[PDB]
Amino acid sequence: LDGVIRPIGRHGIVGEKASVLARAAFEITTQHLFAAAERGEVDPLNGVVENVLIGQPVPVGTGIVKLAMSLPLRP
Amino acid sequence: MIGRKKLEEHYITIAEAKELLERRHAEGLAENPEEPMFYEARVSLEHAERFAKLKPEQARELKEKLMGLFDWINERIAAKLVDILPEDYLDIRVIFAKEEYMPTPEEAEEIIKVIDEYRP
Amino acid sequence: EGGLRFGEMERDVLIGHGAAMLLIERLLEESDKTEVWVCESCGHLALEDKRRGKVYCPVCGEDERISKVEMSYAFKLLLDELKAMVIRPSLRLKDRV
Amino acid sequence: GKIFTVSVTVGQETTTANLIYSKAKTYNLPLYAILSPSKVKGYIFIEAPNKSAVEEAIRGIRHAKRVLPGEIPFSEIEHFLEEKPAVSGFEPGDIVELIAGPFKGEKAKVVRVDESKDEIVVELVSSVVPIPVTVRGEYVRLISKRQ
Amino acid sequence: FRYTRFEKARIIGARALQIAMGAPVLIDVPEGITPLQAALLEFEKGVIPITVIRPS
Amino acid sequence: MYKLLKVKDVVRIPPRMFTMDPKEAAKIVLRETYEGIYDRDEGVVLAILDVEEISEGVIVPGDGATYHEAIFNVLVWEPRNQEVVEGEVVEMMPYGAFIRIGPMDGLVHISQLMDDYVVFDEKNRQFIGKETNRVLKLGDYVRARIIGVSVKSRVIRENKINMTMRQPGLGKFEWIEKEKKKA
Amino acid sequence: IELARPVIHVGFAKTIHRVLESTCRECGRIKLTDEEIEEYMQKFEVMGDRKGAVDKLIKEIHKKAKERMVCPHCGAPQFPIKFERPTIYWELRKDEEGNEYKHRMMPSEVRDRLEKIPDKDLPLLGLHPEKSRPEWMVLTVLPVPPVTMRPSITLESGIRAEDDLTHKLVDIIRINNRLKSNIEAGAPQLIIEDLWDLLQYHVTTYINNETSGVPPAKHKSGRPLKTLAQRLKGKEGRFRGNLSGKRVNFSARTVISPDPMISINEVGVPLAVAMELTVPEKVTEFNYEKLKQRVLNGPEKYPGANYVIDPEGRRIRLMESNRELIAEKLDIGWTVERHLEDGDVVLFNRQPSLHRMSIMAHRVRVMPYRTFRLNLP
DNA sequence: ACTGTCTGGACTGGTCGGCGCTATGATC
DNA sequence: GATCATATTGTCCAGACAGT
Ligand SMILES: [Zn+2]
Ligand SMILES: [Zn+2]
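Chains as they are written, first to last, in PDB author numbering: chain C, 314 to 388; chain F, 1 to 120; chain B, 1027 to 1123; chain G, 4 to 150; chain K, 2 to 57; chain E, 1 to 183; chain A, 77 to 453.
Treat the hints loosely; a few may be bogus.
As the list claims (entries may be wrong) - Here are the simulated EDC-like cross-link-like pairs (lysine to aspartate or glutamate), alpha carbons at most 16 Å apart as the crow flies:
(1) E:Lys23 - F:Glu27
(2) A:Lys207 - C:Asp315
(3) C:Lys379 - E:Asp63
(4) E:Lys172 - E:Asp63
(5) E:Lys137 - E:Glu122
(6) A:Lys127 - C:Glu354
(7) E:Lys27 - F:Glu31
(8) F:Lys98 - E:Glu83
(9) F:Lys5 - E:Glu42
(10) E:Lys172 - E:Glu122
(11) E:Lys3 - E:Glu83
(12) F:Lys53 - E:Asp63
(13) G:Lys5 - G:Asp117
(14) A:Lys127 - C:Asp356
(15) F:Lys53 - F:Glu117
Treat the hints as calculated values from the structure; they're not laboratory data.
The task is simple: from the sequences and hints, build the whole structure.
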């Protein structure tokens, strides 16, 4: 994606993820959390892993569906 | 903080609050339970009724002529003057001393002479 | 009388099926659902005093702007562990609608 | 000679010093003197020409852990040998903590200080009414110094 | 315009949740059925009032 | 100080009110939510008048209720510092007098009623002066200026209001007319 | 806990060393020119989305500032700083005769050096002026966790079994109290350094007991204690063991047996399993009679119910004494936790879950025996 | 600029049940 | 004979680093 070959481990795609919680949950927890604390990183919780950890709906499947309904509904 | 945001606000006199509380009392009477509102609303309605110095239309017209009379006054102190309805210089002096302005006696006399009409 | 573990792989198949509400019901609603008070000023966890019947944030104050947020108890334990590790997590609250 | 530090078990420095002194007397160790202040916990001072003598003296004792690899200047331990009252160095108006006595683990404010009777009068800060109490000077510990 | 599986599942879940805590059924349903069954019957009858908001 | 405000808010309407009018259900929910509490920014929330505009519903996961953006008018009463009020004494206490000035009752201290060394009379619950010989009783037109406002809690009864009567022009209406007679 | 002397956080030791190498010792500013500072400030805004670019920029800035031995802001000479694991910093100072000797930088000196860094140079060093000050990486106050984070149990013999964190905090408190008492007693500097090193070791083991170059903290029996770092990482950590995956309620597990007579959409559920697992069904107009019959049957008669929830939200257990009273009290809005019936939807899963087909939804079929039934296709 | 060397890390999920282990030396 | 402080400080892959 970034113009260079990247692995799928902690030094590749997961390592350059913008989410702090997703990075810390996979392989390296202490180092990623401390590095985020040093930089004052902000996690926007736009991913799936962070929403799973918190307990919020994931942005996939039915989580991206928005519903509307007209209130004056009668049988 | 009521709601998400506030669009507009307005300062009303005692008579407008009395009319609104009477409307709410009628709405509560239209409801099935015999209690129209809670203790505070009923107490406010009773106080406004016992201090109903002027009609709501009279209060509104006094407010708009007060707005059109002078520019340094605002809606809040105009409604305060409508509710108090002063008749001399001592009361207006002691209610304007703590305000941001200290008006000279001539404009106070003018205010007295315009609010003298349609008074009880 | 223990329960059955819903591991990471089970979460993976639930995600692949696109069932967000089922994931919420399994991992959160049926396992460790709890509610906490979060301060809206500094993001710290507010304190609820049962003696006085009031909720306030001890570090910053803010006796008024306190909101209740539901989440897993494991996440609260993680926040406590992070605070014990001299790391400050600031929870920025957002309206549901 | 040179002052050396021996790390020992906390609260049992006097017995370890006595055992070291007895061993040096019996086996003719080249030990000059041993100093064990009561305020210092877990550490004793032994004067010897070299640290090898201290290492040979303290070995064979379960309660002597190790000798600190360094030499203490005499000015550092000079104030320990001087005799000063525990009440002295305390001024009224500050906050102190009572280490021992019937008021263990209580914060107090110093009210009156007298060096003649070696006693210090303090007032508890957690008490709803001021009740001055008389306590020994060595029992208190200075938390803060104000006025 | 056709409903996706995720959109249909979300609509059925919302309708069943509404039926569970009120929201009387707009069509005749057999007795003893679950609110999920009532929502499924409503979807089969094409009487659902819930729409889907799509990005534009 | 009575105030009228236009407030836009998101209203949650339960499925049991689906068959009713959206405006009526929104008004009922807003009355159940905001009426009867004290707001820090706006003061005492007295009543919800009507709902002007209502938007279409939005369904969020985990809740079957619909959420609507509603515009409504709120009548509120807010006490401010150094604000003159007119009221009637409703309660008498040894430590002061309580005057009903609206949804809340202020407190005037025993030294604060007038420029005299007034003492309390327990038999009739009245204040009797020494030199002025003035008497305060039930149902008296009085005027006072607020000097203390407490917004510590959202409960209206827990909040306290302190007013003064030391200053000239504050007191009973008969006393005010007596003062104006000399001038 | 108010520490008598400041200690270095083991999780920020490399960052502390990097910042010390990249900052002026006495001047306090970053060892970069004003033009270079401006250029890096403009370059930071361009590359902000990708954290890798920010990391490379931080590394480049640190490398550029490390080689500088004279601060451009004040001209003060600088000396190389050597980092020794875990939290030991050495400064290669120069003697009067030109000899090079290593000077140990105490945590107090490190914190004083870090305090002089202005807020403007913090973004260049990868730190936030309001969120992460450089001096906060040197611990002065240690936050002891709540007792809920470190629960204490009692054994069958009455002996309390404290947590590993509790023992580590006991050691930390004891060492800190001894250090404070020795400081108040005017102890020589040699004792002070020894107690400071002991407190630093205890704090480092408390933060992470698996630090390289550190003997791990051991229990009395010889058990290596696990600390806050071990509670988050690993398979049994907070993330993988409790956050990404956890045990759940309303679940069952038993041996499976073939059943060709049922459809592929159906699963055979034991009667004992069905009578234990419950589905909460709200009382509506079209199912009041069925749920009333379920309540009347009770937990011991299939099809029945085990619990009943009133609209107020409280849970009432159903037994023989009160099954009739609850049944005649049932109304719209109540919740009845009835037993599993035919046609109910359940999740059927086999481990390991290699693909998304490992969990599928079936239809409940109640069978008398004790085994799950799955169709052969 | 290459090249060998030091250091850090992760080690497939679930389930079944069992079997230990969570003080001690020195006064008063 | 009862209590009290104290109790120690396994191969392989990838990134960073002295050496030539
Ligand atoms: Zn706060
Ligand atoms: Zn400089």
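Hint check:
| no. | hint | result |
| --- | --- | --- |
| 1 | E:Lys23 - F:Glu27 | holds (15 Å) |
| 2 | A:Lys207 - C:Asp315 | violated (30 Å) |
| 3 | C:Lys379 - E:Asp63 | holds (13 Å) |
| 4 | E:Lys172 - E:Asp63 | violated (57 Å) |
| 5 | E:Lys137 - E:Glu122 | holds (12 Å) |
| 6 | A:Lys127 - C:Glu354 | holds (10 Å) |
| 7 | E:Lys27 - F:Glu31 | holds (13 Å) |
| 8 | F:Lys98 - E:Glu83 | holds (9 Å) |
| 9 | F:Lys5 - E:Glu42 | holds (12 Å) |
| 10 | E:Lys172 - E:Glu122 | violated (21 Å) |
| 11 | E:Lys3 - E:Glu83 | holds (14 Å) |
| 12 | F:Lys53 - E:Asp63 | violated (50 Å) |
| 13 | G:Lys5 - G:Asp117 | violated (38 Å) |
| 14 | A:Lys127 - C:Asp356 | holds (12 Å) |
| 15 | F:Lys53 - F:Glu117 | holds (13 Å) |
The structure shown violates the earlier hints numbered 2, 4, 10, 12 and 13.
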